[PDB]
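Yeah, one chain of the complex is gone here, protein chain that is, but the others are all in their spots.
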Amino acid sequence: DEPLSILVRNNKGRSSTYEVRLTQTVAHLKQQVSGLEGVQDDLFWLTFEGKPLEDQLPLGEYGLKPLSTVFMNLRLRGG
Amino acid sequence: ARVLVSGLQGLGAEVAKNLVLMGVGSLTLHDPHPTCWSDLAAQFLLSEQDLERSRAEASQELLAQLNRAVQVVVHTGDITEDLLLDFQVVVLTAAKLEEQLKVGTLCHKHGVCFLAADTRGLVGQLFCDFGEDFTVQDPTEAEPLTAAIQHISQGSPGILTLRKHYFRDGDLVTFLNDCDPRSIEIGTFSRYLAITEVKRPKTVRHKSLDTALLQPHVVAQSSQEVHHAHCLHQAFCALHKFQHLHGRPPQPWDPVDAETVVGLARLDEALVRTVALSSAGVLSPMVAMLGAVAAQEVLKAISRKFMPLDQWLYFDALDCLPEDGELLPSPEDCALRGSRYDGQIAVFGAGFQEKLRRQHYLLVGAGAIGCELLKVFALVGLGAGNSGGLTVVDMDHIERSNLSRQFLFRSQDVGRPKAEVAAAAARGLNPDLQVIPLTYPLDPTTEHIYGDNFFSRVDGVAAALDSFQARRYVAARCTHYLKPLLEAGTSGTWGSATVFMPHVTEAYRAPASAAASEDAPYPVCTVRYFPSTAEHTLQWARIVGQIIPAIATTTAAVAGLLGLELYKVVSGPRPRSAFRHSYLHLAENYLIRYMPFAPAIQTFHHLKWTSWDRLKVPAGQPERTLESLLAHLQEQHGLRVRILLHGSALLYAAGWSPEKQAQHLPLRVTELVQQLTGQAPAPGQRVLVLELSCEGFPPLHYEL
Partner (left out) sequence: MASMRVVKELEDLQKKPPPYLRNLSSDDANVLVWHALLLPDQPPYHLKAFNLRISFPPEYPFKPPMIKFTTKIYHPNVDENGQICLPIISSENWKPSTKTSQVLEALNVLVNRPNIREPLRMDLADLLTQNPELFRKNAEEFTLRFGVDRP
């Protein structure tokens, strides 16, 4: 339950650093990212190793590692 | 710039079309092969007439008409070490691993960008070589970050200000005043009167084909996608060895060639067997996707804007064929019949073509993605007969700016509805196809046009829209009628393709916050009179129109992904394990193709329902009264009723008064609705939808 540091990459090319514990829901990390980047929680989602991440599940289920990368994917319109 | 393209199999045709649309200065195309029937299933520039002719000469005029300002030229003869040196980049499609090696070695020995693109069946392969030292200017694809400043001072480590982005540390920034960049506390002047950052170029080294083939380096987003790519590469090498040894490509679905291909490679034996069996034709969606990717790589090898791709890219879509618990196509079924579909029939069969000939589909929006979807539909054969057809609906006219993104639009075709001209072009692709244009927006004001009879024939909807409100409305209509939905979205270089299948996937969840921003009223007091906080002071006069110029590579990719989804959507019932949503960022070489989520269930006091479910209650012979309706609800289900309303008007309330309730309880539902709303009931409407809430939620379908 010790804190672990991970990397979250956004759509602008940057990769910020977050400190999270592998016992909380993905919704909490989504709220953290929303606060740090100033976008709504319903306007994007997260991806790691291809498959997306479900909001209600703990981060320990997916099996993250220290200094891992988690991508943001916006919900885009137009066409 | 000048680009050489060798091999117009259809992948080369897609690449050339993308380059001409983007605006490549000069394009020299080289193909001596004569056009046969088995080449029309993916090439959209040829025809039945242009048969027994060289592909290059046949397609030259069609490519030239697209832009008329790029001067497309055709080369006849052979490629020697004399014409290679005159072109900035050479693209090669469907070679024989001998011309590949020769041209690759010659290009590396002379320093010219070399691309190899191949599409065998459903699998695609791409390879790039930009040379031993390539420099790229701006690997960001986004505007450089900016910040505001107030005042500064002097200090040995330096002092910086920040008035309210993150600039990290040690990078390079600019503004002392209008001078060279200084690394950063800012790295003799004590005074005080915005700040912008700059990016560094990146250097990348590539190897020649002969060296790269020995040990590949594939682009994969995870670790389970690397062994799969290695198996695909081994299968491609085995196929090339088989072609060189026997002198002929393996026969379609032939079980005797698959054994030789498998034994030659020896690893995923099942995977190589399956790709060997299905490696007989070229399909429009896979060709369109790989052509979009290759065109983007070529374009980024000229402007030197985004980061070059790595050594290899492998695209695998082996879920469009019938599942394991089904019947595989047979060699007799997958036999050439002299019709313009032999490319698809070589892998699927005539039964699939018969199935696809009858379906009727609806297409919302004849625009950027719409034209590509129409082209893919025309080349595959959705309809093209008397038992099927296609419908196209759009509301906008044609403006001058549409010409730069005009796949099917012409300069003389301005001032007339887009749906008509798009239908005319789709008919030109093959006269067998029948397309009906409708110039009426699909919004909650023309619902009488699109009634129950209108959706009684439609077997599926493809949406290509530039809004969130319209997309949510279309999804709501589709889930009301229980129909498959195919949605796509592009912005700049980002693209997404999604499929929504009733009762097996999740319903389209629109972002409510985003849809609220559009069509926002005038801000009365946020910033109108006193304040001026950010750069958005433009609202005072009345990002102004939210204009996003899409590039032709993303639209082709999303259209190809949608077609790949359709291939198994029209293939009967599927176990939801054979469906995919796709997200792509071309500039960063990002591509994910994942399995969607099962629908989420909700439980109330005793009610377990999904987003697809609904409540169905009939009526009596003359009619049934409201009290009878509530009694039947409370009898069949445990649900009581607190509020029951129809749209913006309410018919019942949990507590009003004994008198107010007894006034309304003995009345007919239709009579009550006519009493509240003076407008007459719709004669064409058959089912009335009601919204109800229990004491303390799927709609109520009142079958009139």
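Descriptive notes on the structure:
We just call them A and B in the order they show up, numbering each chain from 1.
Here is the rule we go by: a residue touches a chain if its C-beta (ideal position, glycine included) is under 8 Å from a C-beta of that chain, and two chains touch if they have at least 3 such contacts.
Here is the thing to keep in mind: the chain we left out touches B in the whole complex.
Residue B:526 is the one among B:153, B:526 or B:602 that touches the chain missing from this view.
Residue in contact with the omitted chain (choice from B:643, B:667 or B:689): B:643. In the complete assembly, the contact with the undisplayed chain comes from B:676, out of B:101, B:676 or B:689.
The chain not displayed touches chain B at residues 512-513, 515-516, 520, 523-526, 529-530, 643, 645, 647-650, 653-654, 676-677, 691, 693.
Here is the rule we go by: only the chains that are shown with their structure count from here on.
Taken together, the chain A residues at the contact with chain B in this complex read 11-14, 16, 40, 42-43, 47, 49-52, 54, 71, 73-79.
Touching chain A in their complex are the following residues of chain B: 140-142, 145, 166, 221-223, 225, 365, 367-369, 464-468, 471, 488-491, 494-496, 511-514, 548, 550, 555, 558, 583, 588, 590, 592, 594-595, 597.
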